[PDB]
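Novice: Below are the chains, spelled out letter by letter.
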Amino acid sequence: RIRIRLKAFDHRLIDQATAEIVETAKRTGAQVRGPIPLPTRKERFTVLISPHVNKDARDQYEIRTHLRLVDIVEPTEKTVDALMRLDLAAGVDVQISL
Amino acid sequence: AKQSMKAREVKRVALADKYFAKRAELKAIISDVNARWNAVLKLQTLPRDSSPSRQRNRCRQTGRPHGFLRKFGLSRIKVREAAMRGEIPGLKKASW
Amino acid sequence: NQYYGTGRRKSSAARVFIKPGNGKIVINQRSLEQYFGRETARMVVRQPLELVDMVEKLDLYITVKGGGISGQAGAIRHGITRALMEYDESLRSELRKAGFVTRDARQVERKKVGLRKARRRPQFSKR
Amino acid sequence: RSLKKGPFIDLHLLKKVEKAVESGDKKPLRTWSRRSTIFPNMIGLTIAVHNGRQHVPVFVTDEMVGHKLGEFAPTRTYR
Amino acid sequence: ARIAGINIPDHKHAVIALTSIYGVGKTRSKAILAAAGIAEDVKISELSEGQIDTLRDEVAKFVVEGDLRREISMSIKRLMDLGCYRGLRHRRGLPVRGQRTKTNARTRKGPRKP
Amino acid sequence: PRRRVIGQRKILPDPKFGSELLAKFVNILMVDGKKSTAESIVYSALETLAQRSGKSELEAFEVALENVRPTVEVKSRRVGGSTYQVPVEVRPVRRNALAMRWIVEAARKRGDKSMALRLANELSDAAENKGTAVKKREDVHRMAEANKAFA
RNA sequence: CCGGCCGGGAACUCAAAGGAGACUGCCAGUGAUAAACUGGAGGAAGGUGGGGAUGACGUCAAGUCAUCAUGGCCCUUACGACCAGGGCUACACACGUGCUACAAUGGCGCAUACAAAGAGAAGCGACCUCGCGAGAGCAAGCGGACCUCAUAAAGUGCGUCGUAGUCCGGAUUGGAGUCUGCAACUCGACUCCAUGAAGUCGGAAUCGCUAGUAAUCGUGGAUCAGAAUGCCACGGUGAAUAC
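Residue numbers (UniProt numbering), protein chains in the order written: chain A, 5 to 102; chain B, 2 to 36, 41 to 101; chain C, 4 to 130; chain D, 3 to 81; chain E, 2 to 115; chain F, 2 to 152.
Derived from the structure by calculation, the hints contain no laboratory data. Incorrect hints may appear among the rest.
Stated by the list, open to error - No farther apart than 30 Å at their CA atoms in a straight line, the calculated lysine-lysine pairs in the DSS-like style are these:
| id | chain 1 | residue 1 | chain 2 | residue 2 |
| --- | --- | --- | --- | --- |
| 1 | C | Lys114 | B | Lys83 |
| 2 | B | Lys76 | C | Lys68 |
| 3 | A | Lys11 | B | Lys98 |
| 4 | B | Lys98 | A | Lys59 |
| 5 | A | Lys46 | C | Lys120 |
| 6 | A | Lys46 | C | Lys115 |
| 7 | C | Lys114 | B | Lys97 |
| 8 | F | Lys25 | C | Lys120 |
| 9 | B | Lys97 | A | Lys11 |
| 10 | D | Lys70 | D | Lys29 |
| 11 | B | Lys28 | D | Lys7 |
| 12 | F | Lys25 | C | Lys100 |
| 13 | D | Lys17 | B | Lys47 |
Start from the sequences, fold in the hints, and give me the full structure.
Specialist: Here you go:
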């Protein structure tokens with residue numbers, strides 16, 4: 005119970021952020037269904053590269069958005085309580101559903 | 002880059018929230034078909054300009070109305086100017 | 004028991020899993036007729052079954068996702084050919100030799116900036 | 003043609019309308035705006051609608067109640 | 002064996018007979034077909050009275066014939082005293098479209114004689 | 002168009018007949034990528050030609066193909082300002098394709114209400130060199146017999 | 001009752017991190033023994049696997065002192081401040097790009113099947129009812145495989161206009177509305193009619209196009225007080241002439 009969701013755009017950063025928390029709960033937890041890939045967002049933002057006519061000249065910009073889930077089933081309350089106040093993810097927010 | 006233009010836009014967006022969200026609410030309360042009478046038509050003291058729907062919300066860097074972008078609140082040229090400088094996370098060149 | 008088959012073709016994949024039983028094909032818990040199968044590619048689904056013996060070897064449940072009809076037929080054919088090789092490679096030699104395992108990578112090309120379609124540009128301007 | 007319920011009249015145009023009703027229809031009201039929608043009691047009072055540079059007087063009758071006030075002020079020009 | 006008043010509009014399809022009736026163009030035939038769904042193959046000449054009554058109901062509800070003529074006359078009069086110059090644009094037979102009026106823009110108006 | 006090669010390409014046949022010739026006929030009879038109706042009209046035409054001819058359908062088909070068969074042609078080069086053409090025996094694949102397209106165009110030369118009826122009637126009366134495309138074959142033959150004066 | 005809820009599993013497309021796969025391997029031929037060009041266990045991928053970004057010094061006195069910092073300078077009760085109605089939607093000129101048209105495959109009704117792939121909180125709004133309609137009100141659940149468009153059209157057979165201005169072709173002016181800002185008047189776009197004019201495949205023609213490609217059907221984004229013939233991206237059915 006009490007799953008943890010992360011919304012990041014760097015595959016290595018999200019990989020390490022989900023590979024730290026899972027053993028943070030596994031210090032004294034157990035079970036855990038396992039890592040899940042989760043779907044991703046995709047948006048193609050185009051903008052006129054030239055400031056004067058010639059619409060054909062453009063460029064393609066995109067932003068990634070990865071998601072990671074752990075789905076712990078039966079952990080101990082100690083480690084899930086210890087999850088808070090130990091936040092180290094800088095510039096990226098974590099999503100938790102009560 | 003008209004500074005009187007930018008002053009008008011700044012003051013209208015400043016008055017786009019303090020003078021709004023309550024006059025429109027009053028109208029919506031009195032806009033019901035059940036009797041609406043001449044009160045709603047006689048309560049037209051609003052300039053009808055401070056409403057955000059009828060307000061451009063121009064770009065606030067060099068005052069170019071063209072290419073207004075909701076995602077960044079900028080114009081195309083300055084998006085190129087700043088994004089290429091980095092400092093905007095998550096933005097990489099797109100290909101597929 | 005099951006036979007290994009996924010059948011990727013033209014954005015269509017069909018889980019061909021064959022069990023002992025009748026040679027009838029059940030598509031979406033339904034037969035081909037009341038599935039309204041007299042549409043395009045009405046006979047191509049039995050071409051792979053036309054040459055090989057039916058007897059009592061094939062009974063399969065199939066789900067197909069993606070594509071139109073040629074996509075569906077290609078998915079069926081690729082999945083059944085992938086499930087077919089349980090009988091050693093003796094069959095697969097002629098299966099390839101006859102083009103029965105043909106997988107074509109002729110997917111859609113992306114739309115290009117400046118051209119309103121895959122390869123059509125604006126009609127050339129005045130001289 | 004189009005539109006919905008709730009005919010409107012400008013508060014300033016309402017002031018002018020009251021002036022024409024009480025003081026009399028001496029001359030057509032040079033209505034600077036065109037936003038006002040005609041009420042049936044207007045029939046008999048002439049007003050002038052500003053199409054952008056001149057206030058065009060309106061043709062008032064009893065049978066175009068369901069007609070827009072701005073129509074009677076033509077906008078386009080003919081040689 | 003009859004529709005509306007006394008006449009002989011027979012020897013044609015139901016939709017053809019409808020569009021042949023003045024007061025019903027092809028657009029009114031489209032409206033009738035959308036509202037009811039009567040088949041287009043049936044022949045008006047010597048058909049069962051039930052479908053005849055159905056077509057009568059389809060055609061009688063909305064404005065046709067003499068009502069159409071009086072409404073065209075009223076529209077012409079109102080266009081004469083409309084108050085908008087586009088009223089005279091339509092009344093003069095000039096194309097209200099505003100496209101090229103130099104030549105052959107009066108095709109819908111009709112004949113021209115010396 | 003000058004560096005490429007020819008791979009002798011082949012596309013989907015009709016499984017009932019399973020012939021490359023009938024495959025090419027049905028695949029050139031295709032328009033805008035239409036499969037159900039096109040093949041339906043093809044089979045309608047085949048059954049109607051068998052019914053009207055009375056003989057075996059496939060041998061009647063072969064007899065029709067033999068009837069429409071042309072022999073020779075030339076190519077326009079514009080060498081000396083006058084018709085200066087070397088009569089070249091056209092490729093058997095190209096000759097077959099041209100005969101196919103002449104049959105298809107002869108079918109196309111009408112504007113009849115029903116495509117099935119028009120196709121059946123014209124191909125059936127062209128099966129015995131008395132229909133529509135045989136006039137085109139004779140015209141092409143008349144285009145020959147005179148281009149050999151210059152070689 | 002077609003509750004994947006159990007014990008769930010790998011043979012599951014799917015859902016993202018990483019490793020292999022192809023490099024002309026090795027033989028035979030044409031080849032100076034050089035590089036290259038012809039086949040075979042590979043063609044599930046063979047000859048840069050197919051597509052995208054990556055555009056060398058430079059020619060164009062080209063758009064940008066109206067985006068911007070000025071170079072030499074300048075308007076100066078400001079060459080500004082404002083409030084309402086008005087210009088880019090219009091219109092007696094030639095041109096171009098784009099859209100349904102020339103039918104019998106289009107308006108016909110019915111037992112009526114499979115789309116990848118997005119936007120979603122000045123937002124998406126499953127309970128009922130009716131509207132020739134735009135939709136009209138209680139409208140749940142929601143920053144997400146939760147709650148809106150998967151119903152895909154592409155078809156089986158009933159028959160039609162079974163030949164023409166035709167049941168094809170639906171460019172007009174006024175009669176009642178959907179959300180409009182305060183209200184639709186060169187002036188919001190959409191339904192119901194009176195409306196189907198000209199056109200029976202096209203002047204001396206040019207252009208784009210060598211395999212999912214030219215065409216034929218169906219979806220998201222920008223305004224969003226509001227609708228897309230188009231513009232930026234998608235899934236279908238798929239035609240050879242390269243001596």
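Novice: Next step is simple, just say for each hint if it's right about the structure.
Specialist: Hints and how they fare:
A hinted pair counts as satisfied when its Cα atoms are at most 30 Å apart, and C:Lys114 with B:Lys83 qualifies at roughly 28 Å. Between B:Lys76 and C:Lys68 the alpha-carbon distance is near 35 Å, which puts this suggested pair outside the 30 Å criterion. The straight-line distance between the Cα atoms of A:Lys11 and B:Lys98 is roughly 20 Å, inside the 30 Å bound, and the hint therefore holds. Among the hinted pairs, B:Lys98 with A:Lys59 is consistent with the structure: their alpha-carbon atoms are about 19 Å apart, no more than 30 Å.
About 22 Å separates the Cα atoms of A:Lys46 and C:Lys120, which keeps this hinted pair within 30 Å; it holds. Proximity of A:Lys46 to C:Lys115 is assessed by CA-CA distance (about 19 Å); at most 30 Å being required, the pair is judged to hold. As the CA atoms of C:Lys114 and B:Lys97 are separated by approximately 21 Å, the hinted pair is consistent with the 30 Å bound. Taking the CA atoms of F:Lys25 and C:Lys120, the gap is near 28 Å; set against the 30 Å cutoff, the hint holds.
Restraint check for B:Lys97 and A:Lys11: satisfied, since their Cα atoms lie roughly 17 Å apart, inside the 30 Å limit. At most 30 Å may separate the alpha-carbon atoms for a hinted pair to count; D:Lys70 and D:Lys29 meet this at roughly 21 Å. Using a Cα cut-off of 30 Å, the hinted pair B:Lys28 and D:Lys7 holds, with the two alpha carbons roughly 16 Å apart. A hinted pair counts as satisfied when its Cα atoms are at most 30 Å apart, and F:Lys25 with C:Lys100 qualifies at roughly 22 Å.
Distance restraint check for D:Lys17 and B:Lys47: the Cα-Cα separation of roughly 11 Å lies within the 30 Å cut-off, and the hinted pair is therefore satisfied.
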